[PDB]
Amino acid sequence: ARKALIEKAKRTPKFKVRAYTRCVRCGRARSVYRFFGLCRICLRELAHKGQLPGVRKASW
Amino acid sequence: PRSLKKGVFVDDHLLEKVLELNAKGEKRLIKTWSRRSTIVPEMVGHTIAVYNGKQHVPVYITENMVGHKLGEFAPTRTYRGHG
Amino acid sequence: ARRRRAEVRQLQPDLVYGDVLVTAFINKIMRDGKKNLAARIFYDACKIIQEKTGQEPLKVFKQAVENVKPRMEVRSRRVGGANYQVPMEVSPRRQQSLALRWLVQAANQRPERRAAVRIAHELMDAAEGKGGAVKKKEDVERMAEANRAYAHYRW
Amino acid sequence: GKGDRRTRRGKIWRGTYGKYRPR
Amino acid sequence: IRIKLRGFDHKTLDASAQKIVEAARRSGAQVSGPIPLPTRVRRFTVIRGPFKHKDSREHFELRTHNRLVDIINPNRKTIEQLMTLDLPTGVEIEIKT
Amino acid sequence: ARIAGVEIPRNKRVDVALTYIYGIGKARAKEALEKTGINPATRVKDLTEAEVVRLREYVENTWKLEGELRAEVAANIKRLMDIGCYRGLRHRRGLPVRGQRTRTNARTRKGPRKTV
Amino acid sequence: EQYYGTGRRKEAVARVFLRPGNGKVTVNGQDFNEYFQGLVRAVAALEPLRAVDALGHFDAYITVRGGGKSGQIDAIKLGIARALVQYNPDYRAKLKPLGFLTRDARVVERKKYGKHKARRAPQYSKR
Amino acid sequence: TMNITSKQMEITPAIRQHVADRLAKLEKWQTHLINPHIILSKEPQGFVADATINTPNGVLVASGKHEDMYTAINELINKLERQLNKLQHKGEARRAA
RNA sequence: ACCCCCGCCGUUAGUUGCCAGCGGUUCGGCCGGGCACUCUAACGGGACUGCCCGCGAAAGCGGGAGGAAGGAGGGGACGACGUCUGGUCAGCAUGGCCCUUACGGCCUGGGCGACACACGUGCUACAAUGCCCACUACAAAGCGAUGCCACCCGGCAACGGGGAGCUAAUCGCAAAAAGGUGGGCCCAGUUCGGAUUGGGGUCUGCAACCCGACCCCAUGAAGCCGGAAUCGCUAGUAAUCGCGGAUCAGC
Ligand SMILES: [Mg+2]
Ligand SMILES: [Mg+2]
Ligand SMILES: [Mg+2]
Ligand SMILES: [Mg+2]
Ligand SMILES: [Mg+2]
Ligand SMILES: [Mg+2]
Ligand SMILES: [Mg+2]
Ligand SMILES: [Mg+2]
Ligand SMILES: [Mg+2]
Ligand SMILES: [Mg+2]
Ligand SMILES: [Mg+2]
Ligand SMILES: [Mg+2]
Ligand SMILES: [Mg+2]
Ligand SMILES: [Mg+2]
Ligand SMILES: [Mg+2]
Ligand SMILES: [Mg+2]
Ligand SMILES: [Mg+2]
Ligand SMILES: [Mg+2]
Ligand SMILES: [Mg+2]
Ligand SMILES: [Mg+2]
Ligand SMILES: [Mg+2]
Ligand SMILES: [Mg+2]
Ligand SMILES: [Mg+2]
Ligand SMILES: [Mg+2]
Ligand SMILES: [Mg+2]
Ligand SMILES: [Mg+2]
Ligand SMILES: [Mg+2]
Ligand SMILES: [Mg+2]
Ligand SMILES: [Mg+2]
Ligand SMILES: [Mg+2]
Ligand SMILES: [Mg+2]
Ligand SMILES: [Mg+2]
Ligand SMILES: [Mg+2]
Ligand SMILES: [Mg+2]
Ligand SMILES: [Mg+2]
Ligand SMILES: [Mg+2]
Ligand SMILES: [Mg+2]
Ligand SMILES: [Zn+2]
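Residue numbers (the entry's author numbering), protein chains in the order written: chain 1n, 2 to 61; chain 1s, 2 to 84; chain 1g, 2 to 156; chain 1u, 2 to 24; chain 1j, 4 to 100; chain 1m, 2 to 117; chain 1i, 2 to 128; chain 1z, 2 to 98.
Since the hints were made in silico from the structure, they are not lab data.
Check the hints yourself; a few may be wrong.
[To be verified] Here are the simulated DSSO-like pairs of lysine-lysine, each with C-alpha atoms no more than 27 Å apart in a straight line:
| # | chain 1 | residue 1 | chain 2 | residue 2 |
| --- | --- | --- | --- | --- |
| 1 | 1g | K35 | 1i | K11 |
| 2 | 1z | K66 | 1z | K8 |
| 3 | 1i | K116 | 1j | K55 |
| 4 | 1s | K55 | 1n | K15 |
| 5 | 1g | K137 | 1g | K63 |
| 6 | 1u | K20 | 1m | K115 |
| 7 | 1i | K70 | 1u | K12 |
| 8 | 1i | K127 | 1i | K70 |
| 9 | 1m | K27 | 1m | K65 |
| 10 | 1z | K66 | 1z | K87 |
| 11 | 1s | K28 | 1n | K17 |
| 12 | 1i | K70 | 1g | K48 |
| 13 | 1i | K112 | 1n | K58 |
| 14 | 1n | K15 | 1s | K28 |
| 15 | 1s | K70 | 1s | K6 |
| 16 | 1g | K36 | 1u | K20 |
| 17 | 1n | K50 | 1j | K14 |
| 18 | 1m | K13 | 1u | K20 |
| 19 | 1z | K91 | 1z | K43 |
| 20 | 1j | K55 | 1n | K50 |
| 21 | 1i | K112 | 1i | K70 |
| 22 | 1n | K58 | 1j | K55 |
| 23 | 1z | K43 | 1i | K11 |
| 24 | 1s | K7 | 1s | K70 |
| 25 | 1i | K70 | 1i | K25 |
| 26 | 1u | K20 | 1s | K6 |
| 27 | 1z | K8 | 1i | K127 |
| 28 | 1s | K70 | 1m | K79 |
| 29 | 1g | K60 | 1g | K131 |
| 30 | 1m | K79 | 1u | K20 |
| 31 | 1j | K55 | 1i | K127 |
| 32 | 1m | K27 | 1m | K46 |
| 33 | 1n | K15 | 1s | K6 |
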């Protein structure tokens, strides 16, 4: 259950609650950031490549 | 529980079936998937077959059992004890 | 730790008596960092050891200290195949530290109901030479004496 | 008692409001 | 009579305020200096590895620093040549009055 | 056996003393003392017989207490167990009734441990 | 007419306004003692002027914002100490060996990932 | 008391009990076996019996590998014994001088 | 070492932030007025064992001064060749092996929440340095346009109905709590403790039987400081008190 699942997510639901965030990049059901459309692994990956604007490693 | 401002709840696809049996007079095996459903004074005397996950459980209904939901009398877990 | 010896932390003299010793003794009454509560109680107690015994709380305090400062103590040190109770003199630093600890501790072992009272009383009895604090002190010194024997095993 | 829902101290903890802690 | 500056990069939010400061002070008349507004910080924390390893995360942030300028006594000799203004990519501009 | 079937702690405040009745807590305590006009701080030891008759009267005739309360709860569960609902199934098996975890803990309804 | 120093402590900052007078003191339009009522820590918020014979000779109008009742106290101690040294630069010695002339940078150390606070590690078990 | 994990394998209460019985060999020493832990696993190579036990003077950590699971379970024990025996008697070695 | 935060200072910057002095002051920095100060967020400065003395072949070490900071200033970011045939084919990518009206796909329902037991992490406690009601203060970092919601009202309350402000240094979440003045409890399984249960309501939600959080009445358990064993922490740390955020309809 993968592409079949990421697909069921894309489409509009039979009820309003069943809105669940998938990663747009890998399809991950869990730990998905609204602000990016990404799960935390993907999140970390692009930010590392640099393909995430303003996003840098925080040191404090 | 479920808010009082909203309406005491039945699935519609059951409520009609309940009452289709009021016209002709009871009583049928009502196989159901509706544990979600309250028991209603219009349900008394009936024997609705409640689905627990595996089985449609034969359940008789009475006076004392009105406020509760449909899933209470088709319990879901089998447990004869430990060892 | 391993390398150089640690430095004695310097206390900010208290805003009533300006006594370095007094500061420490409060913080020993201090629980959960709630210092003011503890500060209250010390002073509360002085209120009591002034009325209940008519002269300087302060003076009574430093006497309860000199009377609970243990002079020799034992420090366990295995020689061969037995753990020996080895007699040693307590560093000046440590006489304080201990004498503080035991004072408060002895106190909380008492039946009068407010902490404010006990710290007074214990500090009262111990100032003369009585008191459950001194009982700990007295004991620590007998342990030393009795074991005068094993004192060339001092380091 | 930081867990007794029925007190001032309690509704602070459980992060709520009620009779024992109104707004 | 005022402009507002929102972007992710600061060498640019400062450089662009700086130039609009220079645009309307040259071109008449009064400009209330580029004011450094407090940055709103969107932070991200994330477990470093893909599976288990709970206590080794990586720390990410998204600085969105703010900037405000005022061109005080307006004088549309300025208000003209601001439609002729050179703005970098990583900054968005806001004007009201 | 005074009010309302239980002899309340004397030498205590009436408001807390009244809590020592089965069916009366901090809430109903404030309530009868307003509605019969008694200082919460007066000691049970010091109650006017008049205040006794005021206090006792309001309390016994307004709230279900002691024995009749217990039989209600009892028969409330009696049904709940006889009717055959999951709410009652746990009652019959000594188990917990509020959807809590029973793999670990669950010790107050179960009771100090039964080893294998 | 006036003397100023800036006092800081943790996230607390103290604005001190000295004006020679009966020696009286105010914090945010509120009386000194009224503001720190029941905090024994207080009387050494006014401390550095005692290091220079100045208790009653100056008044104090004081603003303070941020931090807590005590770091605030501390910053005041810095701020009043600051101002007496502008007013009177021959006041270096007789305030600096008392350390008043400095600002302890001891702030909250950061909560770190994998720990429970700054330093309290989580409890583990070999067996 | 005593715990056993069967990692990515299915095992029986028989097999479990035998393992209880095997660790008993350690009981000899008459020190406390505190929360002993056995983990049984299958490598490609054969099985693996892990063990980690705290006793008042230290811990036992061991690993037996063998084509036979039971043999692996014993080798586990042989190593544990050794450790424990050294744990109980390394003290006495230096009594004099 | 070069990067970030905090610590001191200067430059630039003055609203939505600041208010020292004048004027009003509708009694709200509310307005005039100003950027002093506070701050804000950018740019530099500064500390280098440089100076002094001594010990030193030297590197360095001991110590005093000046300074906000002194010997690595406190914290962070950063982790060598490699090790554990360490972890992940269930994030993903992927060789190969395997399924093909099914080992794929859709849905309702159940399960992932089971409970004789054992272990790990933790919350709240066992109380008077304490518990409760009242009244009175002082943070910071964040979030907030089917969002945060002032304030008005019905409500014991959860909440509900109205309804203003804010793309937010303005408007809101917001109360910070410990703490402070006061009053009750008077050593009791209690005014400790808040589990368990009965009953009545609120909200989210197509739906809270399984299985949601919340309020109120009632119930008011175990528990009197914990065996063997054993964890953390060297300073703004440990301890203790509250606050936000992510994910999220709710939890
Ligand atoms: Mg895939
Ligand atoms: Mg959802
Ligand atoms: Mg998701
Ligand atoms: Mg003792
Ligand atoms: Mg209570
Ligand atoms: Mg507590
Ligand atoms: Mg963890
Ligand atoms: Mg009661
Ligand atoms: Mg539950
Ligand atoms: Mg359960
Ligand atoms: Mg700052
Ligand atoms: Mg005071
Ligand atoms: Mg902290
Ligand atoms: Mg291993
Ligand atoms: Mg050997
Ligand atoms: Mg300036
Ligand atoms: Mg050196
Ligand atoms: Mg480095
Ligand atoms: Mg492997
Ligand atoms: Mg895969
Ligand atoms: Mg594959
Ligand atoms: Mg399904
Ligand atoms: Mg389910
Ligand atoms: Mg699970
Ligand atoms: Mg926990
Ligand atoms: Mg009881
Ligand atoms: Mg009680
Ligand atoms: Mg549910
Ligand atoms: Mg008991
Ligand atoms: Mg007791
Ligand atoms: Mg303990
Ligand atoms: Mg404790
Ligand atoms: Mg022990
Ligand atoms: Mg260390
Ligand atoms: Mg919180
Ligand atoms: Mg949130
Ligand atoms: Mg949420
Ligand atoms: Zn992803």
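Results for each hint:
Straight-line distance between C-alpha atoms of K35 (chain 1g) and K11 (chain 1i) comes to about 18 Å, which keeps the hinted pair within the 27 Å bound. Taken as a hint, the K66 (chain 1z) and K8 (chain 1z) pair is honoured in the structure, with Cα atoms around 14 Å apart against an allowance of 27 Å. About 17 Å separates the Cα atoms of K116 (chain 1i) and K55 (chain 1j), which keeps this hinted pair within 27 Å; it holds. Proposed proximity of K55 (chain 1s) and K15 (chain 1n) is supported: the alpha carbons are some 25 Å apart, at most 27 Å.
With a C-alpha separation of about 18 Å, the suggested pair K137 (chain 1g) and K63 (chain 1g) falls inside the 27 Å cut-off, and the hint holds. The hinted pair formed by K20 (chain 1u) and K115 (chain 1m) fails the criterion: a straight-line CA distance of about 41 Å is larger than 27 Å. For a cut-off of 27 Å, the pair hint linking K70 (chain 1i) to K12 (chain 1u) stands: about 25 Å separates their Cα positions. At roughly 44 Å between alpha-carbon atoms, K127 (chain 1i) and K70 (chain 1i) are farther apart than 27 Å, so this suggested pair is violated.
Proximity of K27 (chain 1m) to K65 (chain 1m) is assessed by CA-CA distance (about 16 Å); at most 27 Å being required, the pair is judged to hold. Only pairs whose Cα atoms come within 27 Å are accepted, and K66 (chain 1z) paired with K87 (chain 1z) is accepted, the gap being roughly 22 Å. Proximity of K28 (chain 1s) to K17 (chain 1n) is assessed by CA-CA distance (about 37 Å); at most 27 Å being required, the pair is judged violated. Between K70 (chain 1i) and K48 (chain 1g) the CA atoms are separated by roughly 26 Å; this keeps the pair inside 27 Å, and the hint holds.
For a cut-off of 27 Å, the pair hint linking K112 (chain 1i) to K58 (chain 1n) stands: about 17 Å separates their Cα positions. The hinted pair formed by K15 (chain 1n) and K28 (chain 1s) fails the criterion: a straight-line CA distance of about 33 Å is larger than 27 Å. With a C-alpha separation of about 18 Å, the suggested pairing of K70 (chain 1s) with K6 (chain 1s) holds against the 27 Å cut-off. Distance check on the hinted pair: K36 (chain 1g) and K20 (chain 1u) sit about 33 Å apart at the alpha-carbon level, beyond 27 Å; violated.
With a C-alpha separation of about 21 Å, the suggested pairing of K50 (chain 1n) with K14 (chain 1j) holds against the 27 Å cut-off. In summary, the hint linking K13 (chain 1m) to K20 (chain 1u) is supported, as the alpha carbons are separated by about 26 Å, within the 27 Å threshold. A distance of roughly 34 Å separates the Cα atoms of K91 (chain 1z) and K43 (chain 1z); the hinted pair therefore is violated under the 27 Å criterion. A hinted pair counts as satisfied when its Cα atoms are at most 27 Å apart, and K55 (chain 1j) with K50 (chain 1n) qualifies at roughly 23 Å.
Restraint check for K112 (chain 1i) and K70 (chain 1i): the C-alpha separation of about 23 Å stays at or below 27 Å, so the hint holds. Restraint check: the Cα-Cα separation between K58 (chain 1n) and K55 (chain 1j) comes to about 22 Å, which is no more than 27 Å; the hinted pair holds. For the given pair, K43 (chain 1z) sits about 57 Å from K11 (chain 1i) by alpha-carbon distance, which is inconsistent with the 27 Å threshold. A C-alpha spacing of about 16 Å is found between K7 (chain 1s) and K70 (chain 1s), which places the hinted pair at or below 27 Å, so the restraint holds.
For the proposed pair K70 (chain 1i) and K25 (chain 1i), the alpha carbon gap of about 20 Å is at most 27 Å, so the pair holds. Between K20 (chain 1u) and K6 (chain 1s) the CA atoms are separated by roughly 22 Å; this keeps the pair inside 27 Å, and the hint holds. With a C-alpha separation of about 19 Å, the suggested pair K8 (chain 1z) and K127 (chain 1i) falls inside the 27 Å cut-off, and the hint holds. Our distance criterion of 27 Å between C-alpha atoms is met by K70 (chain 1s) and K79 (chain 1m), whose separation comes to about 19 Å.
A C-alpha spacing of about 16 Å is found between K60 (chain 1g) and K131 (chain 1g), which places the hinted pair at or below 27 Å, so the restraint holds. Annotation: proposed proximity of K79 (chain 1m) to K20 (chain 1u) is violated, straight-line Cα distance about 33 Å (limit 27 Å). For the hint pairing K55 (chain 1j) with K127 (chain 1i), the CA-to-CA distance comes to about 19 Å; that is within 27 Å, so the pair holds. For the given pair, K27 (chain 1m) sits about 20 Å from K46 (chain 1m) by alpha-carbon distance, which is consistent with the 27 Å threshold.
Simply put, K15 (chain 1n) and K6 (chain 1s) have alpha-carbon atoms about 25 Å apart, close enough for the 27 Å limit, and the pair holds.
Comparing the model with each earlier hint shows violations of hints 6, 8, 11, 14, 16, 19, 23, 30; every other hint is respected.
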